[PDB]
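Quick heads-up: it's one chain on its own, the form deposited in one PDB entry, in structure tokens.
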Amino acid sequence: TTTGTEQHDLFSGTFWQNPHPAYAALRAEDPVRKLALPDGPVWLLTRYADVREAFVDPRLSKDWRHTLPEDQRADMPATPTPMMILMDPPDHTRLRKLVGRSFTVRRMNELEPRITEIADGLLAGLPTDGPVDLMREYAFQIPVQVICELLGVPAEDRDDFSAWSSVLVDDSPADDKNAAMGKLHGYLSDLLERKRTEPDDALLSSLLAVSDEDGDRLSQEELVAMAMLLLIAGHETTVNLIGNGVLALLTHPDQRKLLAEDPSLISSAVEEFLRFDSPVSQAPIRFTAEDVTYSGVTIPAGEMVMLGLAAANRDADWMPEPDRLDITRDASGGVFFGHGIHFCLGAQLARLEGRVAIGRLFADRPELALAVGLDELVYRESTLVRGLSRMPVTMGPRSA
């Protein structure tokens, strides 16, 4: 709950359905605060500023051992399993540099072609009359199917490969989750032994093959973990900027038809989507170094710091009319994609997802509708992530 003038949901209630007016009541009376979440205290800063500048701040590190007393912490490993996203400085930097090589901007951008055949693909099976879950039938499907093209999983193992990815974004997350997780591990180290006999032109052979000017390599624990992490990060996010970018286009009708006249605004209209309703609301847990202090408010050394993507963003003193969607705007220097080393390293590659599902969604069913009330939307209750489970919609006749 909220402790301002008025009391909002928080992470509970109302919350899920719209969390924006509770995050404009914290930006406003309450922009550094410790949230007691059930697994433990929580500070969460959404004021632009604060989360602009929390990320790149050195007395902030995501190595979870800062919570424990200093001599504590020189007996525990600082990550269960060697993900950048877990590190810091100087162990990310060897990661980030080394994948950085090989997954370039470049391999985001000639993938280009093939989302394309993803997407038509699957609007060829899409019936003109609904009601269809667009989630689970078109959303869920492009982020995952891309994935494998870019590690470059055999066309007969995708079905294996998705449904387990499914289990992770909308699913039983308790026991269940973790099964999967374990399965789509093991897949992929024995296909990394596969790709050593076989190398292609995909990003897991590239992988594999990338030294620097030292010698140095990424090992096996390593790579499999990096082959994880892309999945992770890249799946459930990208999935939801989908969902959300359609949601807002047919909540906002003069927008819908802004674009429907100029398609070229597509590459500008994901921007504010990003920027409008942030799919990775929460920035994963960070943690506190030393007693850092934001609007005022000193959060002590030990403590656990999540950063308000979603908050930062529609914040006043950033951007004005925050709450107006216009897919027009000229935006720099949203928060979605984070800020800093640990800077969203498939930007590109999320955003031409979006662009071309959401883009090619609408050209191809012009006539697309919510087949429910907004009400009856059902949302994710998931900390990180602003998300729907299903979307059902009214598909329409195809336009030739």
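So that the term is clear: the rigid core is the largest set of C-alpha atoms that superpose within 1.5 Å between two forms. Residue numbers count along the first chain shown, from 1. Compared with the form deposited in another entry:
Once the two forms are fitted on their rigid core, between the two forms the CA displacement reaches 2 Å or more only for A179 among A179, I285, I232, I85. After superposing the rigid core, the Cα of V169 is displaced by 2 Å or more between the two forms.
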Contents of the next structure:
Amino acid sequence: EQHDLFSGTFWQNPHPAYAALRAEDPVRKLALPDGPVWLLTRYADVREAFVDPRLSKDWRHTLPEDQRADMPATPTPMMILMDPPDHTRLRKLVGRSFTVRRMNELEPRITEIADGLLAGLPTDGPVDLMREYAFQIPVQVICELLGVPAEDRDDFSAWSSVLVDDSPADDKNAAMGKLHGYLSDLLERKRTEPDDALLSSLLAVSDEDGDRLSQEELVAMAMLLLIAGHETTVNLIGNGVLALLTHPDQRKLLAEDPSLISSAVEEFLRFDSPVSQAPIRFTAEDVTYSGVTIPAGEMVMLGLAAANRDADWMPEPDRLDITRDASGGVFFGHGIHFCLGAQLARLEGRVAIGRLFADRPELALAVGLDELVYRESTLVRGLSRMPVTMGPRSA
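Pass me the form deposited in another entry as well; I've looked at the form deposited in one PDB entry already.
The following holds one chain only.
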């Protein structure tokens, strides 16, 4: 029978809806509030679509040919909203700074951030694990990555939460201006006073033809990292913790062998992908997937959460198996826009989740599954809150 889509029963558990879509309606127009968008749910179609040159990030394909003259490529020069060759240049410049060592160097800091939060949580609560733990880690990590002065952090975090929906969308519109101004000035302090962190690194960036990020590009890139790395990581933590709380068997396996945490994080990303659909693509011309044709100029979402449970890709896809092999999941995307932060996200997930279950072996949900409340956000699989009882700290 007809499962609700992006409404009703869908928000608490969209997986049955996605399974029915993959089986019966794999390429489907969705009447979303701000406008209709097409959804692809089969793994093979999603994978193809990510490398389909006819599926663009350039919103100007929504305009008929005669209306394009005046029009800018992007509303903000963010690399995620570009096609090659412009994307290729920004990806080359920023990518330089995302070194293996920079990631390894962050691990002790992420560990300290997690331990600091864990220390302040009570044994008997109940406590909202989202507000109190998952929400805090990723922005504190972004602060560390970028080199936001520790005095400016609680302020930085404050305006960051405003971007992750506190009140109406009037304030975010100006919170961007605050973060833009703040980052703009910080970049100046880094220029005068180089440090080992990312903002400083991004200024040095210079290819042999002398190329470098403009002042405008630098701030847009920093804002992109904040936005791309905050809510996403929060939901990796929230969703992975929930997966363990709801699968006693897998939780036992991890407890007996803590080294499974890396494999576990890959499986959480597959089993309940936090970026549930990829951000919109635009058809540059008509495309046909699973015999269904999407006209030129349309908006298209790639169903990552749906694709990651496609049995044509992964056998027993509805089973959580933290020993499973990750291979080929689409939770970080695929092709040219593949998540720049994937290594950092994976690090944050394994520290946040691994340390929590190590610190609090008797952690338990304090409500029934049917009582969990998810954010009604098209591209997000995210708990609004997670009531838990932390239980005693491990011996």
